[PDB]
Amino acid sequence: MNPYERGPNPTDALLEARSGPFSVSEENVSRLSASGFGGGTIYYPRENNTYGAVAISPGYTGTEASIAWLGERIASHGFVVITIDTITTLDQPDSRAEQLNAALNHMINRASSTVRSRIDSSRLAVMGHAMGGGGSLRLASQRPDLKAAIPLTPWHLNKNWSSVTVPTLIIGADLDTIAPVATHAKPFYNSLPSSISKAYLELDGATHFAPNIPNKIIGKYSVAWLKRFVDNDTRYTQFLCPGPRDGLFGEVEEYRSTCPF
């Protein structure tokens, strides 16, 4: 009925697993093949179909290796995902925004036919870690046609994101000393309009480095957000609404959403 649906009916166990049901192959994007970003890796499902497409940016001083596990894991649930390097490791968030955009266009227009034929260019998403998450917010702001945005422990000097109407899941970490949730992630979530689809999930016992370490919470709710908004897959509403519990015996420090979507 929903022809964007891919994979079997979900459970906590399948969403928390290290790998989804799709086997994954990779396309290397060399620095000189890439226009407007530093190259990276495209993870894509071997099974021929069309899928939504995600661009992910690392943070200050980092490269694609620090978010590789995430590109693999998300692709293994039926998405085409690029993990980018930036032009320099020191690029600022609003520069990372522009480079994420360039990576979306690379996947759609300049990659091999193998990749291009597997992308529904109308269903795109953006993610990023730390300054990359800042880049996520800016691009989401600039491209309200994107289907989802997921800033992970995001970092940005601009705290006002009321121009964002893309469905946005911000993931904060309670022990993050580099982008403390009080001065970044929460003000980001709070300034996003109350009228859009958004959610704030704060990890419990997690540093700035948590998105760089295979993490079953991040993987589960990142895929669920993408399934729900890139594929319009309502089989995944159950994980977002009411969402993870932040109370007694809960899995999360804090979860806040505009459920129902």
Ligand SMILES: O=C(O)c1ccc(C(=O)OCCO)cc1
The other form holds:
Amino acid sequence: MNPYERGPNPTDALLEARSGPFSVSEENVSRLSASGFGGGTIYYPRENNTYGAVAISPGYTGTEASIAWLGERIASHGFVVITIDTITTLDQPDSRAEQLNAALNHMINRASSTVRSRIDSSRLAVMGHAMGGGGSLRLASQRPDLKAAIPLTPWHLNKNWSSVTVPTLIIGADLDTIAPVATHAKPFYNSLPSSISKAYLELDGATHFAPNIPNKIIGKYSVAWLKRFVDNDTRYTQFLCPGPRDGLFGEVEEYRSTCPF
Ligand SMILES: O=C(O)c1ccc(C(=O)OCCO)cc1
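If the one shown is the form deposited without the named molecule, what is the structure of the form solved in complex with the named molecule?
Let's see the whole complex now, leading with the same chain.
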């Protein structure tokens, strides 16, 4: 009925497991072969089919190695995913937005036929850690056509994202001292329009490095957000609405959303 649906009916366990049901292979993108970004790695399902496609940026001073687990994990749930390196490790968020865009174009137009043939170029998403999460917000602002955006403990000097209409899940870390939720993640969420699909998920007992460490909660809700909005997979609505509990015995520090979507 939904021909974008991939993989079996989800459960909390299946979404929290280290890997989804899709076996993954990798395509290396050298710095030489990459135009407008610093290279990286494309994770893609071996099983032949078309899938949504996602570009993920690391943060300030970091490289693809700090987000690799996420590229692999998301790809194993039926997506084509590039973890990029940036032209330099010091690139600012809005430069990171340009490089994410170049990485989307690389996957669609310049990668091998194996990778290009597994991408539905009409169904794209963007994600990033810290400064790359700020890059996610900027690119979502510049490309309303993106299907989803997921800034992870994002950092950005601009606090006004009222131009974004892409379905956006922001993930904050309560103990983040680099991009404190009070001055980055939450102001971002609050400046997004009340009229779009969005969610704020704040992790309990998590620092700025949490998205760099394999994380059941990040893995679960990133994939659920991507499934719901990249694939239009309403089987995943059950995890986003009402969403993880932030109350007594709950799983998150805070969850807020514009459910129903
Ligand atoms: O000190 C800062 O202002 C500052 C420090 C770090 C970051 C960031 O993106 O870290 C990601 C590391 O992978 C952003 C801002």
